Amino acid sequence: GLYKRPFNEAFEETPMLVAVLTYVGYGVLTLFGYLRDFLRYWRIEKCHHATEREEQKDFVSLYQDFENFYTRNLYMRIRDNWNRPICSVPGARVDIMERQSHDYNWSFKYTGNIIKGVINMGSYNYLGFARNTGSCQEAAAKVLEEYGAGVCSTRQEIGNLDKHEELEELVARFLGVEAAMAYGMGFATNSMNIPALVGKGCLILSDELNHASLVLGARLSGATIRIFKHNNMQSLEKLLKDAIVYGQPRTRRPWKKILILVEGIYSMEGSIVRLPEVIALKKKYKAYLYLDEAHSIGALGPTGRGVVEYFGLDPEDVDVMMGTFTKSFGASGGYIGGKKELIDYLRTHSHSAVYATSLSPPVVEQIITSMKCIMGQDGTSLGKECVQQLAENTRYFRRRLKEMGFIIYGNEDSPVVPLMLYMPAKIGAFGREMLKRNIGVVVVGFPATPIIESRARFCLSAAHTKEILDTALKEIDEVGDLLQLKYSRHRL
């Protein structure tokens, strides 16, 4: 495990008092949820939540009440923060359709007004390729006029198209691997291509904080799943040793294949994977590697090749290289890159290839234009400046946040910046206060984070200029002072 350049990350532990207060607040909310449920049971107040039809009342209840308890009494109260409609290009500035509710977020009524010029931090657009003008838009318009929108058959059938061949060849050239294949959706990519590789009698070592798509793909196949600690190479080595030595659980027969699923950048956690150590362990113990570069395909690297170029490693060491075009290139889709035999086997035996529709032509045109812009084949110098600007923005933003005193997670080079709130009511309060001051942010709760750790995510971009960051930082400082969100003791 050799690092060319220092690897710095910090995950400050939660204060004790804050954890106690979080538990107290959650307990109070749960008790009042019980009280509301009991009141609704006796029909003292009408239940705005819909009920099943009269002739279906004799049926077994479709929903167990306690299963939806969290949605009914916790999520419904602050539902206004999420699912905010927008009506403009999701660039640096976005327009949000205003909405208000009269029955405490049970039903939403759209009012006439629309908020204009909101500073946007939710959308990804890391390299700032989400614009309605440019060469990409014109090429997409031409391909839309010629080919049309959508295709009506699977790839193995007549649904295959030459644009797909061009896109696959371009992706193979871009990554550095021998061959690659494209897909409609990255979630579909994982859920439909994890089962193909591994079958019953194989082991899958899945990281603790893996994406939902990876977990679903692992579950669909029959392979045994064991989970190691997040970015803890000692845990991974211990699991590899035990799995290789002892073998299959029921009958101690040797494992057929051992597959390790890791991600480039964890969206919620914000930590870059320790790739060189993982590759060293994989070579020493003869495992296979599946690298998910959804959040790191364009953000990281001297020229934006990915995390592999970030660490200076060889692209051939990673057995499977999955990626998603949505986060950076500004178009939906997915891809897998690897050696020629792997791609041939995937073309023959993938679920998406056989039973799923191909990718839309305008989307593949926009992806091709974005890639030829980054690679420098366009002739413009815009390829390098976008990456340099993204790096400067990330470093400046993280340093300014740390100087104030907020708790911040992840590696310093990571563009995704999670800020820690730690309390239930503060999740809603921070979102509402930020929206009031003309900044749009995203906050995440228990469904996607642990109960204690509730965080607000920022996704930096190359579109943001310095003045936008300055105004955002000033407003964030004011709101943090308002709600007392500065928990960090080291530097405040």
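In this text, the rigid core denotes the largest set of C-alpha atoms whose superposition between the two forms falls within 1.5 Å. Positions refer to the first chain, counted from 1. Residues that one form lacks are left out of the comparison. First, how it differs from the form deposited in another entry.
- Residue 45: CA moves 2 Å or more between the two forms after rigid-core fitting.
- Core-superposed difference between the two forms: segments of three or more residues with every CA shifted 2 Å or more are 43-49, 446-448.
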Second form
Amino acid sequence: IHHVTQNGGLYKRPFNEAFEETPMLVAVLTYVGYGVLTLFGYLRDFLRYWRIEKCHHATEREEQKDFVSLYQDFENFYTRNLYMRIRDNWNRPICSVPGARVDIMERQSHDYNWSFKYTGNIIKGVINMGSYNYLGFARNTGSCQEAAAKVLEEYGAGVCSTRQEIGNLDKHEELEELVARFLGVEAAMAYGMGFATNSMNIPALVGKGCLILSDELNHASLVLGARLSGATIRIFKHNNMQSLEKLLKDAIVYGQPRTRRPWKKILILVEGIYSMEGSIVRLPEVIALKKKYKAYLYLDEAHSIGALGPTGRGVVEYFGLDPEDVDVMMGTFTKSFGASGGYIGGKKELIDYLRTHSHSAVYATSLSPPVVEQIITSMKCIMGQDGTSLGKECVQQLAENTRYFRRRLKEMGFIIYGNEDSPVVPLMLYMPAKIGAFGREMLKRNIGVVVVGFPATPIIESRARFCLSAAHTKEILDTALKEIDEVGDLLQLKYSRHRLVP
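Please supply the coordinates for the form deposited in another entry, as a counterpart to the form deposited in one PDB entry shown previously.
The next block holds one chain only.
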């Protein structure tokens, strides 16, 4: 309707995004601060060899001085010289329900973050922009936290066996039937850990003789599940549909690496939303390529199920596509439902296969009944099933909040990554000493944010990540936008070469 591609991907509405490059002077200035820190790290290592006290940390026993050393000292070099200098903004403990405002325990340090001490005070009312609470279902008073209390009273905290022995209740049977109606598939299956839905079910689908095509920026669970299967792994550029086709065509003409026999099959692992990048997958082009080359698709929508689409169905609904064109769909319940666990949906022969040949079904214990009762209630709320318009209002509110926030920051003058419809907003702040300054200066102003540094991102790509929700009022959101300006002026974070105009 709107536009097509040479592949044949049909886009109904515009697909517009932006990844502006780092200005040259800022890049040149980042390396100065990354070299000055390294020089001093070497100096401090030398002093700590026989001259500095450094008695605040731990060592090996006296009886095991002649074993081979447990660690390789050069691996935890950045940990003890860089990360440790500004690690007072990464494990902040909270003491209340997390959403839209949280209470943080106040801690202080005297030997430069090597040890901490809780004074006894509490910072109340801190605006929360650090936890995934899309749609705002994380609360301690309402109708979803009302039924969990009933189930807990009669069932108990947790089960004590596996799904295949005696840990198969009727709650599990009641939830797996509802997830399939939500997604629009035939059958589903729920597990109990989002990280273990990938690393314990991918090795049940592929083995030696098969090929895996991974996106550059995949989650750790997706990468571990592939490493455990025994298949060959090949990585393509991020969201590049030319790299994927060039790497997909060259695998059907040349076969396996040494014997040069045809591959048994080919699997493609992508994600719905990339949380550190803020982008959305080009799904209509990935679907129009795996039908032309007969590959299988594996979608991981842990950051979009409930956060995209007119009725909160995810990226498949957001693009107007047919849910049955995807071989496996997997997701979590911990980013939009305020719960725990994960699911896989798809055909009926696939779920039938996985119920018998999955590592989790036979070795790992089942889900907790009070958590299943959370998911069942909030999923019914979203479907408009309860009777109120809470599900519709909360779905729409997040869209306007995202649009307003992302538009204001662009006029203000910052560099923002990603797609215009993405509820994750990464703010660019490149220099290594501004990582430690932004987190410290925002908490002095009652705002909670997360920051990310080098051995998680590229070298000059440090950023701050904002998460929006449907519980953020317009009066909270204005307060946050007003306080971000002051810190952006104070630390000089407005790098954009071409700023927006109202």
